[PDB]
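Below sits a lone chain in structure tokens, taken as the form deposited in one PDB entry.
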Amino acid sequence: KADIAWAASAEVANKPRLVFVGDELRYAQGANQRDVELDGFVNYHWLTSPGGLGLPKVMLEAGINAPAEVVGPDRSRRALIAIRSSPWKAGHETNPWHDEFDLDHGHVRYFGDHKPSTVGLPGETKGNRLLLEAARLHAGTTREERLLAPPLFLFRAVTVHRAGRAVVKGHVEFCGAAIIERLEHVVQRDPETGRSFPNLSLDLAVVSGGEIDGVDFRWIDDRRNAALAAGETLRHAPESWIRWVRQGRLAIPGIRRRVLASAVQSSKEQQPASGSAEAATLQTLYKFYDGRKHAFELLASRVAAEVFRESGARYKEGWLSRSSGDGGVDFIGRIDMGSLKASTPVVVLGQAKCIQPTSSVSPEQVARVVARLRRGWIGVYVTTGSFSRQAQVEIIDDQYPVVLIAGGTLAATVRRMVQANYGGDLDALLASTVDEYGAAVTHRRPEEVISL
């Protein structure tokens, strides 16, 4: 009876049990601990506590959860804290005290479980007590305290579909492990009685799984192990959390989870391939348009036009704002979105800047264009050089409606315009943009492109 129960624990201790952010789990009431996948999804109780360990379940009810206080040769320890929130609304805001999940930037604001009927002060409820006691450890200035600091695992109630219909109850979503970076006392007004009650407000920093966005659940097996030390649990623990226990609060901005919407391109993958014809072509473009910026602005307008038409959308070229000097906007255009005789106008603000293909564009120069954009307006930045990482990061993060055109796209679109209606001769378009054509500035308001 001992050899078997031990060999099973060793068996589950050998195999890794990974979870990932977004993983739909099946949280069933009275579920076993053997079924690896219940009802199509990975079973919760098995993932958190396999049957091989011989350990009881880690309940995940609405609010704050925690298993028994782990007593050990190390010290008294809290294994972990399991958090669960809802999304179904039935109110006015619905809540001024609603839990906010910013997983893309690794930050979650979560509110305590103090009820208006709770007789006492935060936190007489088990949940808030666990939260305070853990907060004291997360605010630890030593490794001896941060080792004891129980990991807060996040879960989110999700609606899961199958073949037909949608199941709202019975499923959860792993959101990650987090550090308690701030705790506050708040006052929430219960609308049922119109009476104010106190509560807790946690600012949490979600740590990123290295190298892939996930967590090995054997770490929890380590935490729950009453025969282990606090330092003996950092074997299957993510490197970020380890770096937190090793460093402190100063490691937070470096280990905090970070997810962008779209991909970011380096200067090398924005510029054409080294040695290719497009490289020498871009160099000749930088050499030719170094003296005159305006012809480069006209070129940029035409290029932008061909780029917007490349997708399929109907584009209408407007004009060029300036004839001398510099400004925030260099050229104006318009995009008719939809079908013919029903399409809606979208003003296209354009900025062009000729620069070394090795050089990159600063985010403030892009922002000088973004700032002029009103509702229903989009932008386009045309350059010979590349775009800095922070530029694209700020664009993606803040959801900036700006089309980026670096060396590569410029070279390709121009090369397509050299073959289409230029007849191979590039100096034809190059010189045509220099004289005659460059005199047309129109000099009108940007929103007046709609009228024509």
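Note that the rigid core is defined as the largest set of C-alphas that superpose within 1.5 Å between two forms. Residue numbers count along the first chain shown, from 1. What changes on going to the form deposited in another entry:
- Candidate set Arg189, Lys287, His185, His92; criterion, C-alpha shift of 2 Å or more between the two forms after rigid-core fit; matching residue, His92.
- The rigid-core alignment places the CA of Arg309 less than 2 Å apart between the two forms.
- Annotation for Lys115: C-alpha shift under 2 angstroms between the two forms, rigid core superposed.
- Put the two forms on the same core and the Cα of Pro73 is off by 2 Å or more between the two forms.
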Second form
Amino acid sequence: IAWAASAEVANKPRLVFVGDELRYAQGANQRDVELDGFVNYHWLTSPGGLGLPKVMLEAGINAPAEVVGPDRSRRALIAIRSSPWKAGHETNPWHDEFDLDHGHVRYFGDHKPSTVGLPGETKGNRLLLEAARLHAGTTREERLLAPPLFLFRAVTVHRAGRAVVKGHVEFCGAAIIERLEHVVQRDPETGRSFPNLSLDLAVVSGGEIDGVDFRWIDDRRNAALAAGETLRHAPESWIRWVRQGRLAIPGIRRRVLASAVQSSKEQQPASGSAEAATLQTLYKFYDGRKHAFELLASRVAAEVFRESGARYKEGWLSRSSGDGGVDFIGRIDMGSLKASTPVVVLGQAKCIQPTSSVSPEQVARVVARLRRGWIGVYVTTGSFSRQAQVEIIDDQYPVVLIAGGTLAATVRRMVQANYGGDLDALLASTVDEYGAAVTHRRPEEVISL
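And the form deposited in another entry, for comparison with the form deposited in one PDB entry?
Partners and other molecules have been left off, which leaves just the chain.
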């Protein structure tokens, strides 16, 4: 009669997104989807339809009893707990830390000075040892025998009008063991150093959703399922890792960007549009004269900074000759009347073919010029490479990107704002006023201006 419940639980979906807050309490029920206004942990792990003991989440790491598949016995999984009691991290080198953005995690063993035996005597560290031996071997079946590592970090909600600490967890994703190294920590109370296992783990990609649902955690606990039969509900990252090996880790590692990135198509105007044709006329006109293109880049950048609702003044153009990383410069004032701060804005302009794209080093050449409190801006006829936007966003470089469609729209504004001599004599206005004064002056001299 229990087979019906097992099947019922087996078929129904149980989804959880990475970074979500899960409810963790003593006792309670595993048959409840929601508890105290939050998603139940035990229900997500072991719904109870299988009639199996719950998966406990306690100090250090925790692993269920050995699950005997028809083929052979297998370790179900490993639930890992990290305790930042009240955002204690990271004042000290014990330093259990998660970077869920780039998909890297560093955790440490539960070994303590009170323990007499060598590291690995504790249940947790020994399970970490077995997992380490299983994550590194010759055969390809032992990796199927290797239990997955589920990351959980303590979190205080301060929600629903009631501030509470503990009793809540956070799923940081599934992890694989990249490294295991014996390190020596220090107990301040007794002033005594102790050996312990240090684990470097990598979080894999969760797919398009970035959140995973686990019907396969029951598969790992299923007594009637073979080791290679449990990968049915597994994410594509993990199974493709099983296929390829540890060489696929950089490709399967989870990647979260703070801001969205734009494809080449979206930045540019439509192909059949006359805006793109106008952009190509800009390409033809400013190919010979890069200096005009620079002056226009200054005008456009100005229009953008003023479109943001911020105060901007264009200082000048760095050089008309001698190349270098700076083409021109302006100033952004941050704040309101009688309350502001000066910001030096280094304007850069590069004219290139639409097919080719700007390389990250060319942008980083402008980024390197930037001192503290400065903002760069890059204006190009084409688009930006993926690695460029990656280096800008992930490393948090403050650069304003001006693509083809943006400058095209800006031009569309300016040409009807001032239509003297039609569209073309604005470009002529770029060449005629291209001299636009000059300066050997450092960027810091723009403040006094």
